[PDB]
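Number of protein chains: 2
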Amino acid sequence: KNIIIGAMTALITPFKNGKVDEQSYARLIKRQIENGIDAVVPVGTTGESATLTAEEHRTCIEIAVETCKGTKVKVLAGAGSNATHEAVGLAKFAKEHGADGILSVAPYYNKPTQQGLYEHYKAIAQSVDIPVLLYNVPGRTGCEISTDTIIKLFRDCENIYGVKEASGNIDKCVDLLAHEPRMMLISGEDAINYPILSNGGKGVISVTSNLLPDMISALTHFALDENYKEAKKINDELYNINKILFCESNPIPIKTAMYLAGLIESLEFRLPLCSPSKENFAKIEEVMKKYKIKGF
Amino acid sequence: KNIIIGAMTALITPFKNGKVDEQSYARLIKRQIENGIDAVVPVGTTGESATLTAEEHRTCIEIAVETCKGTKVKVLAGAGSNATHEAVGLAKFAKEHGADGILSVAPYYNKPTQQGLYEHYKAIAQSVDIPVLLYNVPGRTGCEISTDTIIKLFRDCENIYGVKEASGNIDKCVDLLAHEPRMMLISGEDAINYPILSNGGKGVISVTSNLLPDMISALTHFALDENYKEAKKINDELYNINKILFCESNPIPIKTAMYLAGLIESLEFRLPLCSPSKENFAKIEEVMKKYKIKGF
Ligand SMILES: N[C@@H](CCCC[NH3+])C(=O)O
Ligand SMILES: N[C@@H](CCCC[NH3+])C(=O)O
Ligand SMILES: [Mg+2]
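Top to bottom, those sequences are chains A and E.
One gets the deposited numbering by counting positions in the first sequence from 1 and adding 2 to each.
One gets the deposited numbering by counting positions in the second sequence from 1 and adding 2 to each.
Incorrect hints may appear among the rest.
[Said to hold, decoys possible] Under the rule of at most 30 Å between Cα atoms (straight-line distance), these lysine-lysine pairs were calculated in the DSS-like manner:
{"hint": "1", "chain 1": "E", "residue 1": "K124", "chain 2": "A", "residue 2": "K21"}
{"hint": "2", "chain 1": "A", "residue 1": "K21", "chain 2": "E", "residue 2": "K94"}
{"hint": "3", "chain 1": "A", "residue 1": "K94", "chain 2": "E", "residue 2": "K21"}
{"hint": "4", "chain 1": "A", "residue 1": "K124", "chain 2": "E", "residue 2": "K154"}
{"hint": "5", "chain 1": "A", "residue 1": "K285", "chain 2": "E", "residue 2": "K154"}
{"hint": "6", "chain 1": "E", "residue 1": "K124", "chain 2": "A", "residue 2": "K18"}
{"hint": "7", "chain 1": "E", "residue 1": "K124", "chain 2": "A", "residue 2": "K285"}
{"hint": "8", "chain 1": "A", "residue 1": "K124", "chain 2": "E", "residue 2": "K124"}
{"hint": "9", "chain 1": "E", "residue 1": "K174", "chain 2": "A", "residue 2": "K94"}
{"hint": "10", "chain 1": "E", "residue 1": "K94", "chain 2": "A", "residue 2": "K154"}
{"hint": "11", "chain 1": "E", "residue 1": "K97", "chain 2": "A", "residue 2": "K21"}
{"hint": "12", "chain 1": "A", "residue 1": "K124", "chain 2": "E", "residue 2": "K21"}
{"hint": "13", "chain 1": "E", "residue 1": "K94", "chain 2": "A", "residue 2": "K18"}
{"hint": "14", "chain 1": "A", "residue 1": "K124", "chain 2": "A", "residue 2": "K32"}
{"hint": "15", "chain 1": "A", "residue 1": "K280", "chain 2": "E", "residue 2": "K154"}
{"hint": "16", "chain 1": "A", "residue 1": "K280", "chain 2": "E", "residue 2": "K174"}
{"hint": "17", "chain 1": "A", "residue 1": "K174", "chain 2": "E", "residue 2": "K280"}
Hints listed in this document are in silico derivations from the structure and should not be mistaken for laboratory results.
Isolated chain A, as found in the complex:
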C-alpha cells in the first residue's frame, strides 16, 4: 500500500471578514512545511469543514496542494461527509486536483450501521486510486467504526491504509494493531500521541501542531525511531497545552492560541462556532506562556 504517515497537521481555516483568508492559509501551511511537518490535512474538523461551502472546501484543498508542491510534504485532503455521494464527490475532487490522499471522517448525525459504514468507505475507496485514511471520532459523529469494520475495510479495499483514531481508547489501539499490524494507526488525540506511537502507530494528525509544529514533528520522529524516552519527554511537556486546547470545542482554543501568538489576524469563526469564554481565553493565554511558539 501507499501511505501518508509521520507528523501531520489538521489545518485551521482562517477567516477575514467572514471569508476564507487564502493568503493567510498558504502562509500557515508554509509555516508547517518549514517546521518539520510531513503532511497537512486541509479542511478536517479543525478546519471547520462543516461551515465551509462546497466551493470553499475545494479551494482550501487546492491551496494546500499548490503550497506543498516541490516539497516533501504531502496533502491528506479532508474529504469526509455524512452523505456517501458527497464523500465520493470530495474524494474524486481531491484526486483530480493533486492531493496525495484523503481523510474521510465517519458519517456524523445519521449514525450508519457497521454494514453501512463498510459500504460508505468501500464506495469512497473505489472512486479513487489514492490512499484513504479512515477517521473515527465518535464524540463528534455519534457513531463508531468498530475494530472489525476497520480491519475489514483495510483488508478488502486496496487504498484504505489505516485510521486516524480520536476516541481516547488505547485498548482499541491495541486491538487494531494486534489483529492487523499492517495498517497505519494515526493518533487523532494530541495528549496521547506518544502512547499511540509507542504501540506502533505511525503518525499523528495533530491540532497542537498548528501552534507548535516543531515540537509535534520532533515527538513523532523520535517515536518513529523508537527513541521513546525523547518522544515521551515531549509528550509529557506538551500535556498542559494539549489539554487546554480542548477546554472548549476544537477548533475554538487552537484558533484562540493562533490569534494570541499573532499567527492569524482576527479571532474569527463561522457560526455556530464562536469565541471562547473570557475566562477560557485567559486560561489559554496563560498556558501558552510555557511554550516557545515559532513565528513565520
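Knowing the structure of chain A, use the given hints to seat chain E with the ligands on it.
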C-alpha cells in the same frame, strides 16, 4: 407565541431508483392527514435530511406544504444544519414557501458551545417570522442544548416556542417545564411519549406515527385531554414497536416496516444508510404483527 403542537410525524422520505419518490411522498402525507395527525415534519432525521441535496430537501418541504394546503394539518419543516448560514437559508426557504414553522436540530459534528448554540438559533429565529422549534438529540449531534440555553432562547427570541427532546432524560423534561412552563416541550422519543405529555409536554414528533399514525394521534389527544389512563394504555401497547423501530439506527427500521406494510414500494435508502441485518428485518416483521396498520 404562535405554536405548532399536537401529534406530528417525522416523515420518511421514500426513494425510487435513487431519487425522491414525490408521488409516494404526497400519498404518505395524505395517509397521515386522514388519521388525525396535527402536523407533518418533512426532512427531519427520519427523513434522511443528511443525504438529500439542497434541492431535494426544498422539494420535500414544498410537497408537504402543497399536500397539507386547504387542510387542518400544519407543516413544521425540517430546517436544521450544523452550519448557521445553511440553517438560516432553510429557515428563510420554509417561510417563503408556506411552511407553518420550522424544526431546527442542534448543530451536529462541530459541537458548538452554549454561547454558539444561542447565537446559532438567534440568527435563525431573527431570519423569519414563523414559529421555531429547537431540537435536541445529543446521541446524534454530539452536543446538548442545555436547559438554561433553551429557556434563554425561548424568552429572548419571540419565534422560539419550544423544543423537541430526544435525549432520554425525563429529569431534563421536568427541569424545563418547572422553570419555564410556557414553552412547548415536544417528545422526540416515541417510547416515552406518554411520560413527556403527562408532565405537560404538548406534542410528539414521531417516528412510529409513520406506520401507526392513528395510534400516535390518539395517544397524544388522550393525553392533551388529560385522559392519562388511555394515553398510557396506548403508550404501553406501542412499547414493543416503539423499541424495535430503533433496533438499528432510525430510519432504517421504520422504512423497513413501511415497506413490509406495503406502504412504500422499495426498501431503498441513501448510503451510508442501508438495509437492516436479516435478523433485524425478521424481528421488525414479527413485532408488526401485533399492530393493526392502516392502509391508504
Ligand atoms: N454543513 C454540512 C455541509 C458541509 C459541506 C462542505 N464541507 C456538513 O457538515 O456536512
Ligand atoms: N450532508 C450535509 C448536507 C445536507 C443538506 C440537505 N439537508 C449535512 O448533513 O449537513
Ligand atoms: Mg531517526
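Here's how the hints hold up against the structure:
1. E:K124 with A:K21: holds, 21 Å
2. A:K21 with E:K94: holds, 22 Å
3. A:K94 with E:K21: holds, 22 Å
4. A:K124 with E:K154: Cα-Cα ~45 Å, so violated.
5. A:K285 with E:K154: holds, 27 Å
6. E:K124 with A:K18: Within the cut-off at roughly 23 Å; holds.
7. E:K124 with A:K285: At roughly 28 Å apart (the allowed maximum being 30 Å), A:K285 and E:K124 satisfy the hint.
8. A:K124 with E:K124: violated, 40 Å
9. E:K174 with A:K94: violated, 45 Å
10. E:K94 with A:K154: Violated: E:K94 and A:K154 sit about 44 Å apart, past 30 Å.
11. E:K97 with A:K21: The given pair, whose Cα atoms are some 27 Å apart, holds under the 30 Å limit.
12. A:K124 with E:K21: Since the Cα atoms of A:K124 and E:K21 sit roughly 22 Å apart, the hinted pair holds (cutoff 30 Å).
13. E:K94 with A:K18: holds, 26 Å
14. A:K124 with A:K32: violated, 33 Å
15. A:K280 with E:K154: holds, 20 Å
16. A:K280 with E:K174: At roughly 28 Å apart (the allowed maximum being 30 Å), E:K174 and A:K280 satisfy the hint.
17. A:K174 with E:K280: Given pair A:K174, E:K280 holds - Cα atoms ~28 Å apart, limit 30 Å.
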